[PDB]
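K.L.:
Letter by letter, the chains look like this.
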Amino acid sequence: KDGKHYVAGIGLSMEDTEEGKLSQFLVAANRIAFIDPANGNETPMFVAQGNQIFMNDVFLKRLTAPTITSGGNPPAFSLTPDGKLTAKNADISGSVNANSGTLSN
Amino acid sequence: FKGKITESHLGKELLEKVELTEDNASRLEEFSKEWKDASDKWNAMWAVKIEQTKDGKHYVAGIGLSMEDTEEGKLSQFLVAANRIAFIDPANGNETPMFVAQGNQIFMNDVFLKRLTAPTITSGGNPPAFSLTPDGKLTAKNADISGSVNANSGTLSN
Amino acid sequence: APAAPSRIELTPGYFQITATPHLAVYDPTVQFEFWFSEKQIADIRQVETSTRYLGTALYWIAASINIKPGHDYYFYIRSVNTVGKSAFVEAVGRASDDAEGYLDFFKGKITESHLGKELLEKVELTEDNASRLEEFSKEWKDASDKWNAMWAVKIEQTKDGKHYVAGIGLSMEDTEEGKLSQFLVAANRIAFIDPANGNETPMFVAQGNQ
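Residue numbers (PDB author numbering), protein chains in the order written: chain J, 871 to 975; chain Z, 818 to 975; chain F, 713 to 922.
Honestly, the hints are just simulated from the structure, not real lab data. Watch out, some of these pointers could steer you wrong.
Straight-line distance between alpha carbons at most 25 angstroms, and here's what the computed PhoX-like set of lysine-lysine pairs gives [unchecked claim]:
{"id": "1", "chain 1": "F", "residue 1": "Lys-874", "chain 2": "Z", "residue 2": "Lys-874"}
{"id": "2", "chain 1": "Z", "residue 1": "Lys-958", "chain 2": "J", "residue 2": "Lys-954"}
{"id": "3", "chain 1": "F", "residue 1": "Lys-850", "chain 2": "Z", "residue 2": "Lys-834"}
{"id": "4", "chain 1": "F", "residue 1": "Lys-780", "chain 2": "J", "residue 2": "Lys-891"}
{"id": "5", "chain 1": "Z", "residue 1": "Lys-853", "chain 2": "Z", "residue 2": "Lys-874"}
{"id": "6", "chain 1": "J", "residue 1": "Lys-871", "chain 2": "Z", "residue 2": "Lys-874"}
{"id": "7", "chain 1": "F", "residue 1": "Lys-821", "chain 2": "Z", "residue 2": "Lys-871"}
{"id": "8", "chain 1": "Z", "residue 1": "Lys-871", "chain 2": "F", "residue 2": "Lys-834"}
{"id": "9", "chain 1": "Z", "residue 1": "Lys-874", "chain 2": "F", "residue 2": "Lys-858"}
{"id": "10", "chain 1": "J", "residue 1": "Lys-931", "chain 2": "Z", "residue 2": "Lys-891"}
{"id": "11", "chain 1": "Z", "residue 1": "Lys-834", "chain 2": "F", "residue 2": "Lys-853"}
{"id": "12", "chain 1": "F", "residue 1": "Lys-821", "chain 2": "F", "residue 2": "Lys-797"}
{"id": "13", "chain 1": "F", "residue 1": "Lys-821", "chain 2": "F", "residue 2": "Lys-780"}
{"id": "14", "chain 1": "Z", "residue 1": "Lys-891", "chain 2": "J", "residue 2": "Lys-871"}
{"id": "15", "chain 1": "Z", "residue 1": "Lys-871", "chain 2": "Z", "residue 2": "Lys-858"}
{"id": "16", "chain 1": "Z", "residue 1": "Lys-874", "chain 2": "F", "residue 2": "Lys-850"}
{"id": "17", "chain 1": "F", "residue 1": "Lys-797", "chain 2": "F", "residue 2": "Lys-819"}
{"id": "18", "chain 1": "F", "residue 1": "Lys-797", "chain 2": "F", "residue 2": "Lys-829"}
{"id": "19", "chain 1": "Z", "residue 1": "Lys-954", "chain 2": "J", "residue 2": "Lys-954"}
{"id": "20", "chain 1": "Z", "residue 1": "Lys-834", "chain 2": "Z", "residue 2": "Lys-819"}
{"id": "21", "chain 1": "Z", "residue 1": "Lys-954", "chain 2": "J", "residue 2": "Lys-931"}
{"id": "22", "chain 1": "Z", "residue 1": "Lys-853", "chain 2": "J", "residue 2": "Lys-871"}
{"id": "23", "chain 1": "F", "residue 1": "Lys-834", "chain 2": "J", "residue 2": "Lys-931"}
{"id": "24", "chain 1": "J", "residue 1": "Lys-874", "chain 2": "Z", "residue 2": "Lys-819"}
{"id": "25", "chain 1": "F", "residue 1": "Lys-858", "chain 2": "Z", "residue 2": "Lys-850"}
{"id": "26", "chain 1": "Z", "residue 1": "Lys-858", "chain 2": "J", "residue 2": "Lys-871"}
{"id": "27", "chain 1": "Z", "residue 1": "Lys-871", "chain 2": "F", "residue 2": "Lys-853"}
{"id": "28", "chain 1": "Z", "residue 1": "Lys-891", "chain 2": "J", "residue 2": "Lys-958"}
{"id": "29", "chain 1": "Z", "residue 1": "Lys-954", "chain 2": "J", "residue 2": "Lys-958"}
{"id": "30", "chain 1": "Z", "residue 1": "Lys-871", "chain 2": "F", "residue 2": "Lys-874"}
{"id": "31", "chain 1": "J", "residue 1": "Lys-874", "chain 2": "Z", "residue 2": "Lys-850"}
{"id": "32", "chain 1": "Z", "residue 1": "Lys-834", "chain 2": "F", "residue 2": "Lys-858"}
{"id": "33", "chain 1": "J", "residue 1": "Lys-874", "chain 2": "Z", "residue 2": "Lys-958"}
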């Protein structure tokens, strides 16, 4: 288009390195979407586009994220790489072991 | 994204098509077509759409990669319409999947991230050990903080 | 008249809920009628009309794709005998949440499938330094007069007497409810890249269960 190129494609390959044969599945596309058509469903449940991934409810074993946000401007809760935890309320059924505290009441 | 996929070429190609109508009729299909649209520009798509009919109802599954022409430029789209998308690492003959997507749910093993934006986070369980809700609530069993706790109010037993 | 059960235990499981009752007074001559529901009904007299009839036994297990993890489902349990039915009692149950357990269940389900034994568990090629690509799309009828379809590209190689296999497959097979689709990718590195503006940095890399 107007002198600029656009290339997309999928590919499964098995190549060789000093260790042995390594397999690799690759998808180069601007938007990768997964859709479950059960009972005629059309809402995607995994859409990756522009270095961003949008997913529905997800089940996990271990997460390693240095930044976690609740969304919104003035987010509701947030954890940041400096160890900061920002929240609006907190119930703790046991003990709060802090090195310092500043409370109004 | 559902709307954008519906307003695409594969949305009415891999889906919205009702080929075959009688019971026990199954078609295996795979095409590779590039053609010029009404906008005098080329759109291309390669797809494997396999469909079956049972009790008068249609089950269609498919893989499809296309690139079409938007107003600003060419957009490429890879789509997988299936009831269960699974990724498996076969190293040393492993069969346990590491990414299973089914029914608007994604199950994964440990994952590394740069930034997460989730309103609800749960530890899993009847009474979750820890939880974070969109109303700003942090529920936990113990809280060890190496610095300062700056709060408007506090209610401690001891 | 038989009394309502004192307690109901519900063992969770991967896409499944167990249900066994227990009475304060033991009586082996009574059975239990079990009904399942997804949404709570305020009225109790129309549970028999608005809930699925799970069955009648001393205990039951409801295992289906419809039951999802992280969701609360309702069970209506009653005690019946030669005298008559008893009062209906509510119970709340959820499936398991362990992603490791669900991935083990999914490994079992994939192994108990046609692509599981197609892209894996095949020992084609035996000599060293031998490789083959094989792309096939076949539809065939099973012994149960149902049709199963599949399309798979499989790469296999041999080195120093060991087999390295990778594959990409899309299939729809027959299960006890009808037909179910599946898309399997077996490879040592699964990468998603956005090539806009000459970008090569992947935005999703799956490898080594990470």
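K.L.:
Does each hint hold? Answer for all of them.
P.N.:
Hint check results:
no., hint, result
1, F/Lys-874 - Z/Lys-874, "45 angstroms, violated"
2, Z/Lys-958 - J/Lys-954, "18 angstroms, holds"
3, F/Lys-850 - Z/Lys-834, "21 angstroms, holds"
4, F/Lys-780 - J/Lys-891, "39 angstroms, violated"
5, Z/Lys-853 - Z/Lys-874, "34 angstroms, violated"
6, J/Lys-871 - Z/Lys-874, "42 angstroms, violated"
7, F/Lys-821 - Z/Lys-871, "23 angstroms, holds"
8, Z/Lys-871 - F/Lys-834, "31 angstroms, violated"
9, Z/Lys-874 - F/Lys-858, "14 angstroms, holds"
10, J/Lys-931 - Z/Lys-891, "38 angstroms, violated"
11, Z/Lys-834 - F/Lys-853, "23 angstroms, holds"
12, F/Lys-821 - F/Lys-797, "39 angstroms, violated"
13, F/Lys-821 - F/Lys-780, "16 angstroms, holds"
14, Z/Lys-891 - J/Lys-871, "8 angstroms, holds"
15, Z/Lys-871 - Z/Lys-858, "39 angstroms, violated"
16, Z/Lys-874 - F/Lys-850, "22 angstroms, holds"
17, F/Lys-797 - F/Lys-819, "42 angstroms, violated"
18, F/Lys-797 - F/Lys-829, "49 angstroms, violated"
19, Z/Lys-954 - J/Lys-954, "15 angstroms, holds"
20, Z/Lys-834 - Z/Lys-819, "17 angstroms, holds"
21, Z/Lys-954 - J/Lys-931, "22 angstroms, holds"
22, Z/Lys-853 - J/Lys-871, "14 angstroms, holds"
23, F/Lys-834 - J/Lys-931, "31 angstroms, violated"
24, J/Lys-874 - Z/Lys-819, "29 angstroms, violated"
25, F/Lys-858 - Z/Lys-850, "31 angstroms, violated"
26, Z/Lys-858 - J/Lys-871, "9 angstroms, holds"
27, Z/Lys-871 - F/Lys-853, "13 angstroms, holds"
28, Z/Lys-891 - J/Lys-958, "45 angstroms, violated"
29, Z/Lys-954 - J/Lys-958, "6 angstroms, holds"
30, Z/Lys-871 - F/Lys-874, "43 angstroms, violated"
31, J/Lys-874 - Z/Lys-850, "22 angstroms, holds"
32, Z/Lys-834 - F/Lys-858, "22 angstroms, holds"
33, J/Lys-874 - Z/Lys-958, "57 angstroms, violated"
In this structure, the hints that do not hold are numbers 1, 4, 5, 6, 8, 10, 12, 15, 17, 18, 23, 24, 25, 28, 30 and 33, in rising order.
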